[PDB]
Amino acid sequence: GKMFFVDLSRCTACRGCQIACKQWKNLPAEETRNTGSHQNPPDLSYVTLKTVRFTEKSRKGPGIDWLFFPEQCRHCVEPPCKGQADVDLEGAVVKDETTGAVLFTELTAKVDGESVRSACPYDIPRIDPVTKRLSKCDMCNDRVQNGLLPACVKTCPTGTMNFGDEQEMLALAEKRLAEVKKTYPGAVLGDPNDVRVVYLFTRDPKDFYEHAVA
Amino acid sequence: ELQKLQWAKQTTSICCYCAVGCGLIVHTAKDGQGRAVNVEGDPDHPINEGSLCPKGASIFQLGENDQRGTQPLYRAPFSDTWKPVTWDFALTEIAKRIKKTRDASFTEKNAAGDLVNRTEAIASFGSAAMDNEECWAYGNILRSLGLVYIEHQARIXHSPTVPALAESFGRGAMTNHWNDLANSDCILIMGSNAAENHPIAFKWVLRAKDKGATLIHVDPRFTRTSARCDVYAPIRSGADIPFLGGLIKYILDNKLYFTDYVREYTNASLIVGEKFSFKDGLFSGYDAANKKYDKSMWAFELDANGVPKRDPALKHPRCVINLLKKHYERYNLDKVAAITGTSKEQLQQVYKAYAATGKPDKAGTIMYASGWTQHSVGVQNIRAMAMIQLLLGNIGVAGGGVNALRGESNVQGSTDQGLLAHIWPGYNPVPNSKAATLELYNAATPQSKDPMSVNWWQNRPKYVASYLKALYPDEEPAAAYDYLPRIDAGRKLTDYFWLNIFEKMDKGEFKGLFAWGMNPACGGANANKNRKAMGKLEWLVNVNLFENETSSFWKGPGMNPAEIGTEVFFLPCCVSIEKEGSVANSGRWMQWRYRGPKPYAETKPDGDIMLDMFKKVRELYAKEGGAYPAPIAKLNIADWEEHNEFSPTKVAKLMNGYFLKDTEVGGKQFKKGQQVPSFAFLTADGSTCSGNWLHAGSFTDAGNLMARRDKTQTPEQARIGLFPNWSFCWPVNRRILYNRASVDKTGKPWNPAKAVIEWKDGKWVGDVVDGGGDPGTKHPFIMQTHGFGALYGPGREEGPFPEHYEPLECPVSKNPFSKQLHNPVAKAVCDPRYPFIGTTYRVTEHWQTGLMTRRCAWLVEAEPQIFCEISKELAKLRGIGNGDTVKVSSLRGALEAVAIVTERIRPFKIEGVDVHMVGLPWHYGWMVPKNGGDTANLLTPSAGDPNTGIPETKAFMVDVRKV
Ligand SMILES: Nc1nc2c(c(=O)[nH]1)N[C@H]1C(S)=C(S)[C@@H](COP(=O)(O)OP(=O)(O)OC[C@H]3O[C@@H](n4cnc5c(=O)[nH]c(N)nc54)[C@H](O)[C@@H]3O)O[C@H]1N2
Ligand SMILES: Nc1nc2c(c(=O)[nH]1)N[C@H]1C(S)=C(S)[C@@H](COP(=O)(O)OP(=O)(O)OC[C@H]3O[C@@H](n4cnc5c(=O)[nH]c(N)nc54)[C@H](O)[C@@H]3O)O[C@H]1N2
Ligand code: SF4
Ligand code: SF4
Ligand code: SF4
Ligand code: SF4
Ligand SMILES: [S]
Ligand SMILES: [W+6]
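Order-wise, the sequence lines are chains B and A. Just so you know, we're using PDB author numbering here: the first sequence kicks off at 2 and counts up by one. Numbering-wise, the second sequence is residues 36 to 861, 869 to 1005 according to PDB author numbering.
Calculated from the structure, these hints are not laboratory results. The beta carbon of each residue, even a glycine, is placed where N, CA and C say it ideally should be.
Cross-link-like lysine to any residue pairs, in silico, SDA-like; alpha carbons within 20 Å at most:
#1 B/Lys-58 with A/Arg-946
#2 A/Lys-39 with B/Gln-146
#3 A/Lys-542 with A/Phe-141
#4 B/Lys-176 with A/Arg-242
#5 A/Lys-469 with A/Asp-530
#6 A/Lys-929 with B/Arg-34
#7 A/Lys-918 with B/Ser-38
#8 A/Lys-567 with A/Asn-535
#9 A/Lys-39 with B/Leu-149
#10 B/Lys-182 with A/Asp-245
#11 A/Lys-39 with B/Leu-150
#12 B/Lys-182 with A/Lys-246
#13 B/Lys-61 with A/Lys-951
#14 B/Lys-26 with A/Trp-42
#15 A/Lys-144 with A/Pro-666
#16 A/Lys-972 with B/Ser-38
#17 A/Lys-39 with B/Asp-143
#18 A/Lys-246 with B/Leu-173
#19 B/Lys-96 with B/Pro-193
#20 A/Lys-539 with A/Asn-563
#21 B/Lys-61 with A/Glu-945
#22 A/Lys-44 with B/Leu-149
#23 A/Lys-869 with A/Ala-323
#24 A/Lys-134 with A/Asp-123
#25 A/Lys-246 with B/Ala-179
#26 A/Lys-972 with B/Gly-37
#27 A/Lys-44 with B/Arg-144
#28 A/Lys-134 with A/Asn-152
#29 B/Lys-176 with A/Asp-245
#30 A/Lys-590 with A/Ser-114
#31 B/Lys-183 with A/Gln-384
#32 B/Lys-182 with A/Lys-244
#33 A/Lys-244 with B/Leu-173
In silico negatives: residues of chain B with every beta carbon more than 12 Å from chain A:
#34 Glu-98
#35 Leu-104
#36 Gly-114
Go ahead and model the full structure; you've got the sequences and the hints to work with.
Below is the structure:
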């Protein structure tokens, strides 16, 4: 299967990944206002599969801990969204066994939306208010199938975004975690046995987002 | 295959935003014949390796955009509506407005009776956004029409960089390049927010850290850059000289300077004349009356030949090095800590880390941009940093350099093409009224009696000749010389610059303005004055991608179109992906890009707009005559054209240059019509043309070197990321400038593990050597008269050593380093109703005035509205809650923004008083989007430093009140 290693110790919150996702799938933009934050859109939605979250945390001495979280579907090895969807209509949520992608199909219109969202321990699934279909990061599965990196991965300048075979990426996550601990001692991988999107947080993941880890 | 791309033609391009110069892949439908379907990174490009920040990443949405211009619009005097109009009409009526105004205002000879052959009724702004070939041809079109008021982007920011670095090293350009950052041991980011404003640079900054580098951000604010550096040090606005002066004192006091490098390669050993002195913050030869210096009091002592005398012992008390030690003794940590606001502990940490790069096996680099260049102290900030780099032997080495980060994609190129009032292409000065002949013009070039000083500028006559033989190939250079306009020898040079152009326009001394790929109505400091000033124009030609605040100033906030009589032609140009051509990035990489989709609707490349527009002036002058016809009729535009339209390939070949007849140069035979293989083989006798001597080598007989996409590297090249076969850089593919300084007297690298060049088997191996000659035979700074890195610069107006004079006029009353408080060479009101220091800056998501990015829904999505960033302390003092609407006001205007309250802004301790800084983006404008807000330049002062000609956009007094 495939995996993302996301090294948040390298993230400049450039939001190249946020725009790349929308360009590749030609998603529309949400109506946004500024309410006292660079963060926008403020939350994932039917038309936003990835948003960079910004949290400011105090530290001793000059500056702050600025925590950046490019949020997306974790593509769980055993996805709860599938089990909760299968209750209503098997086929609505599928697993591409070659890549590991957890993929919503057009049949999520038939299943219960709120149910499948509540079952997700990362609060990822988003429902179109009118059509009642569910959308989320699809791992850029067709790009991966055609031997290309996902849009958000290829676009990332810093080396935050990494993608490949789960063996090489777990090995990278391990090796990078040991190195990054030297400067950020509270550095941890997010649920590295359960998910195909393995975030390295520089501190307590909940500092980055309430649902950063299950 | 992927269905999205399946039947789309794949073409390469270069990003149309910042000067990193990231590679793109464009997919165009119907195998090239349709619209662009996809735009993303070029995985093979050696700078970005397929990565793009949100601006490059959204180029699809910029190109394929239904808000874009479709055809020329026209606005009639006192009208309130646009009128759709044909190209044939627009350029016929344009030509008539040019000729009328020209004839009426042409001065054959100035008041002193000297030949100038110029027009002072027409001005031109722009553009750093145009292709190099379009910039070159644009400049030549404006000068053939006799314009002298020719300015663009480059004046506002890096006008100080070029003089400061030219005085220091002999060239104004970024010394190293983006890939080279990864070789640095200590990266000092100061006056730069590079993670936001050159985002792909951080690929290479973070790779430096991977290999042991310390990353240091020195900034008044905590930014996205600060988040990913090892050291964040606050500094209060305009306290950079004290910071850098304290680092000079530290380096000298602690013998941390690289003695051999300093002895041989800097002017450390040169003896200053006895007439040089400094006391009470003033240099010798001060004229208190006029507020200016007698620079002859600073002149070196000269030996019998006229060569500056030297003590290689470095013992003579008038040695540059010993005067330097004396000058910077005053900059102790306690004083520097007190004025910067930076803790003594943090100053020591930073000084220790950076000064450690004095070791030959360590490289230190500085990354700065508009945080330095948009301050009145800019030129001395940069001088000081250049002096620190020379002391530490960091100039000419991999991981070293002064990385003056260029802004716009082709600001380097647009400067190189002479779209500034004071220069022709190739940094040959625009003649003044006293340069009555070519021979007199070439007399101004200073000579050196030193046999080891290459003094490459002595070749200027070959470049000026070849430049005149490109414009006028049938004429003798000496005759051709009279066709081009001249500035007044008497008048202050800055009178021809951006600042004064708006001053003059506001006196109604301009009939016409070319706003060519710029947004003055948002870009210019004091937007209220500038939008009113533009009314007093008769006509305005705006060339751009979209309708904007400039083209439509007449229907702007509190404007009555019926009262405003200005005539306005909006001509829509095509985006970067709809045309072929080259752009010169910050590292001087001249990169060739191709057309994907053909121009949208009836939009045209700028090349076609200006050429067609010129030809209509040219034909109209041939049927009607008028003022001094010669330069217009004779200008060689045949070389610019192929198949009835602008040819980037042919313009680029003319810019490189070719032999106008058989010639022997440097003992080699060259045929007629053949391409000049480098500027070394140009002549002053008319045998060669070259539009730009810097471009000689860029497009040879071997082919278009700017189009090379070849990652072939030797081990030594690959080890430091030279990529000498990817595109081409001026001069002659020297990737790291001053690289002779990276080796000793025998040609052995100071740092073999990161060798730039090495003397191997009677050859220089690695980078192209910056100056020909065997090891130890030449001084390494070949563009310098004397051949040395200048620690002591006797041509700088504010003195040969940078000295702290307070740029913040209002909240400061004490210079702790002298009796001289403010700049003794350069009237801010400091009205107590505006107690806070306003500052302007950018976000990753938006571009410049936002004309381009306020039309891209994904960037507006991310950053939809103007904001005002304030400390918790200011928020509390003024009763502002995060997300509250706030009124920001100054003497110049007022606007509303949303308040962003954050610990990323902190108050500054200035003389035991808390002073509050207020941050605003200048990306917004009344046109789009709805509820975006307007330009922060409603708030900024108009005037500024009269020496450099730059407004104070980085420190201006404001009030902020809840709504
Ligand atoms: N995203 C994006 N990138 C851009 C641009 C853009 O509009 N958007 N524009 C391009 C252009 S045209 C240019 S010239 C460059 C400019 O690039 P930068 O100079 O990086 O741009 P700014 O964001 O204006 O400010 C740089 C930093 O200077 C700091 N600063 C302000 N005053 C001082 C001071 O007195 N001392 C010090 N040490 N720091 C100070 C600010 O806090 C800020 O962090 O960016 C280019 N790249
Ligand atoms: N307060 C404040 N003011 C500032 C600054 C600041 O930091 N603070 N920054 C200053 C600086 S550093 C600069 S460079 C200036 C910039 O000021 P301007 O150059 O006026 O800024 P824009 O017009 O927004 O940006 C460049 C323009 O190029 C246009 N363009 C893009 N492609 C093409 C093309 O192919 N052809 C043509 N003809 N046009 C094209 C874009 O549409 C855009 O209008 O602003 C300055 N003003
Ligand atoms: S592209 Fe990379 S560096 Fe930029 S915000 Fe996304 S993950 Fe962070
Ligand atoms: S993997 Fe594809 S769908 Fe998922 S966030 Fe990245 S670009 Fe968007
Ligand atoms: S993160 Fe949520 S939506 Fe994505 S696979 Fe896991 S349970 Fe399903
Ligand atoms: S704006 Fe600059 S960093 Fe971003 S993609 Fe373009 S060239 Fe690269
Ligand atoms: S620029
Ligand atoms: W700029």
